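*Asks:* As a plain string of letters, each chain reads:
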Amino acid sequence: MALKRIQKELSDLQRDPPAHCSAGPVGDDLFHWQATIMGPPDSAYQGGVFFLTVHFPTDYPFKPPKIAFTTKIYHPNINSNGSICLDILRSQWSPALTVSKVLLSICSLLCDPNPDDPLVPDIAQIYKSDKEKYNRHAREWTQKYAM
Amino acid sequence: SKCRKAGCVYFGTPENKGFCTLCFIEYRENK
Amino acid sequence: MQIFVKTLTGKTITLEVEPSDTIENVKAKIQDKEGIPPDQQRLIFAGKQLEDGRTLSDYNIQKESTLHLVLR
Ligand SMILES: [Zn+2]
Numbered sequence: 001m002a003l004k005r006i007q008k009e010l011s012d013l014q015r016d017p018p019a020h021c022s023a024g025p026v027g028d029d030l031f032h033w034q035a036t037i038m039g040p041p042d043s044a045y046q047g048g049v050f051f052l053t054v055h056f057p058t059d060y061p062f063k064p065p066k067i068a069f070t071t072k073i074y075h076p077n078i079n080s081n082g083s084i085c086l087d088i089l090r091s092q093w094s095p096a097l098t099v100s101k102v103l104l105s106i107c108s109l110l111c112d113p114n115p116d117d118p119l120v121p122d123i124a125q126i127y128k129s130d131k132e133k134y135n136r137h138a139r140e141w142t143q144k145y146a147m
Numbered sequence: 605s606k607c608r609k610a611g612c613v614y615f616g617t618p619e620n621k622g623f624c625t626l627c628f629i630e631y632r633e634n635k
Numbered sequence: 001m002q003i004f005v006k007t008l009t010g011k012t013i014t015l016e017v018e019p020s021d022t023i024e025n026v027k028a029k030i031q032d033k034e035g036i037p038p039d040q041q042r043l044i045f046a047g048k049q050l051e052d053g054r055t056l057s058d059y060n061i062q063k064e065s066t067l068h069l070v071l072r
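Chains as they are written, first to last, in the entry's author numbering: chain A, 1 to 147; chain C, 605 to 635; chain B, 1 to 72.
I should point out that these hints are in silico values taken from the structure, not numbers from a laboratory. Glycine residues also receive a C-beta, built at the ideal position from the N, C-alpha and C atoms. Do not take every clue at face value.
Stated by the list, open to error - Under the rule of at most 27 Å between Cα atoms (straight-line distance), these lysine-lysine pairs were calculated in the DSS-like manner:
1) B:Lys6 <-> A:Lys144
2) A:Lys128 <-> A:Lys144
3) A:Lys8 <-> B:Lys11
4) A:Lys8 <-> B:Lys33
5) B:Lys6 <-> C:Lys606
6) A:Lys72 <-> A:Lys133
7) B:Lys63 <-> C:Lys609
8) B:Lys11 <-> A:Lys101
9) A:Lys133 <-> A:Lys101
10) A:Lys8 <-> C:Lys606
11) A:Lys101 <-> B:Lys63
12) C:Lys606 <-> B:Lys63
13) A:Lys4 <-> C:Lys606
14) B:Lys33 <-> B:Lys11
Stated by the list, open to error - Here are some chain A residues the structure puts well away from chain C; computed CB gaps all over 10 Å:
15) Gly27
16) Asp28
17) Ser43
18) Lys63
19) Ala68
20) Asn79
21) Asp116
22) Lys131
23) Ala146
Bound conformation, chain A alone:
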């Protein structure tokens, strides 16, 4: 049943690819996927490309996919283990959402970080107290790691 759902989503991404995000299988295995987020214009992560890893639970779409960053990023909501603190990946998930939709939200998260739900508080403290030192540090982190 999940094999069908995953396939459906994969057909869609071939039909209307979301301009900055790309997702697809690792090898011939449909249950493990690899995906990228192009760094958003007018954000500190601009130009950089960011590789992620998505595993679907066998009871997908009812349980959310497990998505991590493989590329390093200076963000309050993404830790060194590449874990993403997003609510639509935990409690607010709905089987009506797709991987396309989630990837865009993760992109939005790069655009507008959640400063009150911080995986790495050090970084979130800068995003409040020193907005520009954040913008400065994220740019280095985009250039060394994502270029």
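Using the hints provided, position chains C and B with the ligand relative to the given structure of chain A.
*Replies:* Quick look at chains C and B with the ligand alone, frame taken from chain A:
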């Protein structure tokens, strides 16, 4: 249609005896 | 066969290709259409960065398949 090599993520081709292009050249040179 | 190349700007470019074509071949083909010298292109497919020196048959790029293009 994954390449025949155990730990290879790339896709093969019948014309390359089931190997992805660079495994084929690895096979032909070893062969 | 036919493929789609989607830039971050929004515009989708349509390209006539073959399975045995290399990346250098592709990056040269978009120079013919748009005018973006091959060294300044960054091509992605379905989550994987394409590496010059490997064919499209490797990455399983088939008909109607879509490549994202980052402008370096
Ligand atoms: Zn191989």
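*Asks:* Against this structure, judge whether each hint is valid.
*Replies:* The hints, checked one at a time:
1. A C-alpha spacing of about 25 Å is found between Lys6 of chain B and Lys144 of chain A, which places the hinted pair at or below 27 Å, so the restraint holds.
2. In summary, the hint linking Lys128 of chain A to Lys144 of chain A is supported, as the alpha carbons are separated by about 24 Å, within the 27 Å threshold.
3. Of the supplied pair hints, the one linking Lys8 of chain A and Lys11 of chain B holds, its CA atoms being roughly 25 Å apart against a limit of 27 Å.
4. Simply put, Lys8 of chain A and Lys33 of chain B have alpha-carbon atoms about 32 Å apart, too far for the 27 Å limit, and the pair is violated.
5. Restraint check: the Cα-Cα separation between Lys6 of chain B and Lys606 of chain C comes to about 26 Å, which is no more than 27 Å; the hinted pair holds.
6. Pair hint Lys72 of chain A plus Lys133 of chain A holds up; C-alpha atoms about 18 Å apart against a cutoff of 27 Å.
7. A hinted pair counts as satisfied when its Cα atoms are at most 27 Å apart, and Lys63 of chain B with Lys609 of chain C qualifies at roughly 25 Å.
8. Restraint check for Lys11 of chain B and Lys101 of chain A: satisfied, since their Cα atoms lie roughly 20 Å apart, inside the 27 Å limit.
9. For the suggested pair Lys133 of chain A and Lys101 of chain A, the alpha carbons sit about 30 Å apart, so the restraint of at most 27 Å is broken.
10. For the suggested pair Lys8 of chain A and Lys606 of chain C, the alpha carbons sit about 21 Å apart, so the restraint of at most 27 Å is met.
11. Distance check on the hinted pair: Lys101 of chain A and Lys63 of chain B sit about 25 Å apart at the alpha-carbon level, within 27 Å; holds.
12. Taking the CA atoms of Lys606 of chain C and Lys63 of chain B, the gap is about 18 Å. The hint holds against a cut of 27 Å.
13. Annotation: proposed proximity of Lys4 of chain A to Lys606 of chain C holds, straight-line Cα distance about 20 Å (limit 27 Å).
14. For the hint pairing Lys33 of chain B with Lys11 of chain B, the CA-to-CA distance comes to about 12 Å; that is within 27 Å, so the pair holds.
15. Separation of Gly27 of chain A from chain C is inadequate, the least Cβ-Cβ distance of about 5 Å not exceeding the 10 Å criterion.
16. Remark: the non-interface label on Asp28 of chain A conflicts with the geometry, its nearest Cβ contact in chain C lying 5 Å away (cut-off 10 Å).
17. With a minimum CB-CB distance of about 30 Å to chain C, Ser43 of chain A clears the 10 Å threshold, and the non-interface call stands.
18. Under the 10 Å C-beta cut-off, the non-interface status given to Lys63 of chain A relative to chain C holds; the minimum distance is some 26 Å.
19. Separation of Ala68 of chain A from chain C is adequate, the least Cβ-Cβ distance of about 18 Å exceeding the 10 Å criterion.
20. Every Cβ of chain C is farther than 10 Å from the Cβ of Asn79 of chain A; the closest lies at roughly 26 Å, confirming the non-interface assignment.
21. Even its closest Cβ contact with chain C, about 39 Å, leaves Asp116 of chain A beyond 10 Å, as expected for a residue assigned away from the interface.
22. In this structure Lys131 of chain A is separated from chain C by more than 10 Å, as the shortest Cβ-Cβ distance comes to about 40 Å.
23. No Cβ of chain C comes within 10 Å of the Cβ of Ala146 of chain A; the nearest lies about 21 Å off, and the non-interface call holds.
Taken one by one, the earlier hints fail for this structure at numbers 4, 9, 15, 16, listed in ascending order.
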